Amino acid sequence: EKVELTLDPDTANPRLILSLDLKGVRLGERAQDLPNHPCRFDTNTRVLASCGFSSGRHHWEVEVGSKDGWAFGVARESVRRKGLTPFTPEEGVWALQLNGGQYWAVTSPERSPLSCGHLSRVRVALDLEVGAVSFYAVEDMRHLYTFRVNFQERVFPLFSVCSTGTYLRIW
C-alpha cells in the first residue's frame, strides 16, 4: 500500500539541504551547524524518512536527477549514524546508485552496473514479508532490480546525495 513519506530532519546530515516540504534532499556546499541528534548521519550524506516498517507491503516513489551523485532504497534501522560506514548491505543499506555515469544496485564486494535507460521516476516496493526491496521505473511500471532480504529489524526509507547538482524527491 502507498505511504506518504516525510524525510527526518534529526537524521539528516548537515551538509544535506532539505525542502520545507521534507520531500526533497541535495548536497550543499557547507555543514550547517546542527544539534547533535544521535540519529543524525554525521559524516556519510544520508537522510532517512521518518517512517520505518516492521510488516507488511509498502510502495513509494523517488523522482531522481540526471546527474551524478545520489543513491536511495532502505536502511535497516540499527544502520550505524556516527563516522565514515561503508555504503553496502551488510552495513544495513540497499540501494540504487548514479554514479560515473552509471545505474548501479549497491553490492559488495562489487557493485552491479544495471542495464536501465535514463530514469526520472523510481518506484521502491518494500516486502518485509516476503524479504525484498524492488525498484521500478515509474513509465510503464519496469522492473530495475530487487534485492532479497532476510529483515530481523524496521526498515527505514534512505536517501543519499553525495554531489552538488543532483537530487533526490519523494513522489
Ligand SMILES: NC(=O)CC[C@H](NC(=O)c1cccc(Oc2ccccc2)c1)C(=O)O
Given for the second form:
2 protein chains.
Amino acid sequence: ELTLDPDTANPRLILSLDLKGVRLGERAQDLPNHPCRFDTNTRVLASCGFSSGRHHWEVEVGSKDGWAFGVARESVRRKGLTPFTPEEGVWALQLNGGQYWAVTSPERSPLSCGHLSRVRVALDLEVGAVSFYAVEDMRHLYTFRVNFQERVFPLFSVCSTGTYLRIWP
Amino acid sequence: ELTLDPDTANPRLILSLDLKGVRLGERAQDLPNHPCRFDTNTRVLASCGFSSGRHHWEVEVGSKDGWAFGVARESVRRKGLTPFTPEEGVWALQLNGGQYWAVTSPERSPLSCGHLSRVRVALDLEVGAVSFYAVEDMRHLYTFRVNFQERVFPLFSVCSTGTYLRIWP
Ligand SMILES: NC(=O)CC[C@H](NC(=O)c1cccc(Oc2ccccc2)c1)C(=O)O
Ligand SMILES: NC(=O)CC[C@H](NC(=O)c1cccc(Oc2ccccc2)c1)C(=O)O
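What would you give as the form solved in complex with this ligand, now that the form solved without this ligand is on the page?
Below: every chain and molecule of the assembly, starting with the one above.
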C-alpha cells in the first residue's frame, strides 16, 4: 500500500493523517531541510519506489485545477524550481484550465478525456512504461514509454489551493 | 517599425528575410554565441525595447500549436532552459493544446477567446501593463499588470514546427 513520504513534501503541502492525501495550504511548515525535500516545487513522493516489475495504484483526484501526478525518477531534482517535464524525470498527468494534460514538453498533450474522479497508474518497469486509466470505465488516458534506469517513485504535486490528490485502495 | 533581432534568436528559429516573421525549423544554424542569444529556449526578441511610454504592435499568429509572444524584460535569462513565466521576466500569451493561454504560473490561465488570427500587443510603461487584444473585433484577451523596472522587449517564441508568428505593420 502506498503512503506519502513526509520528508519529501514541500513545506506548503498538507499531508493527511493517514499519509494518503495531499493538498496545498497557505502555511509554510517549519520542517527539517532534508536533501530529499522539494523545497520549492509543490511535490511529494511516496515512501517507496520501484526498480523492477509491474506495479499499480489509484489516485483520487480533485475536480479543481492544480494537481499533477504520476511517477518520477529518484534523481528528480529536489532543490529550487525545477521544470515539470519528462527530461527532468517526471512523467505525469495534470489538470490545468479545466483540461487534462499529459505533461509532455515543449507542448503539453491534451487528453480530451472528460471529467476524471479516480485514475489508475500502471508502472511497467520491465517494458518501460507508465500508463494512466480512468477508473470509472478503465478508458486509457495516456502512456509514456521510458527507458527507466533507476528507481521510480510515485509522484504527487498540488500547486493550487482548492484541489487535492489522494491515494486510494 | 519592429524587427526581430537575429543576434537573440535561438539557432533553430528561421527568421524571415524582412525580419518580421519567425518559425521553428529542424536545423540548428551555426551562429555566433553572443550573450544575448537564447541558446536553448526557442525565443527571439525585437531589436528595440522600451523604457517608458506606450507602445503597440501587432502579431499575426499561426493556427497550429507552438507559439507564445508578448514582452520580456531585458534581464530575461538567455542561457539554458529557463522557465517561461512572469517571475522569469516573460509576459506572454501562448497556443498549446488547441488552447489559448495567458502564461501565468504556477497555473496557466485559459483565455477561452476563440480562434485568433492577429493580436495587438499594447505595452504601457507609464501604468505598468501589457495588454493583448484580438484584432478582429478588438476584444480584450488579457492584461498583465507589472512593476516594470527595466527596458522591456517584444518577445516571440516558437517551439513547434508548423506554426509561426509575424510582426504586422
Ligand atoms: N501541480 C502541478 O500542476 C505540477 C506543477 C508544479 N508547479 C510548481 O510546483 C510550481 C511552479 C512555479 C512556481 C511554484 O511556486 C509555488 C510554491 C508554493 C506554492 C505555490 C506555488 C510552484 C510542480 O512543478 O510540481
Ligand atoms: N513557444 C512557447 O509556447 C513558449 C515555450 C518555450 N519553450 C521552449 O523554448 C522549450 C521548452 C522545453 C524544451 C525546449 O527544447 C526545444 C529546443 C529546440 C526546439 C524545440 C524544443 C524548448 C519557451 O520557453 O520559449
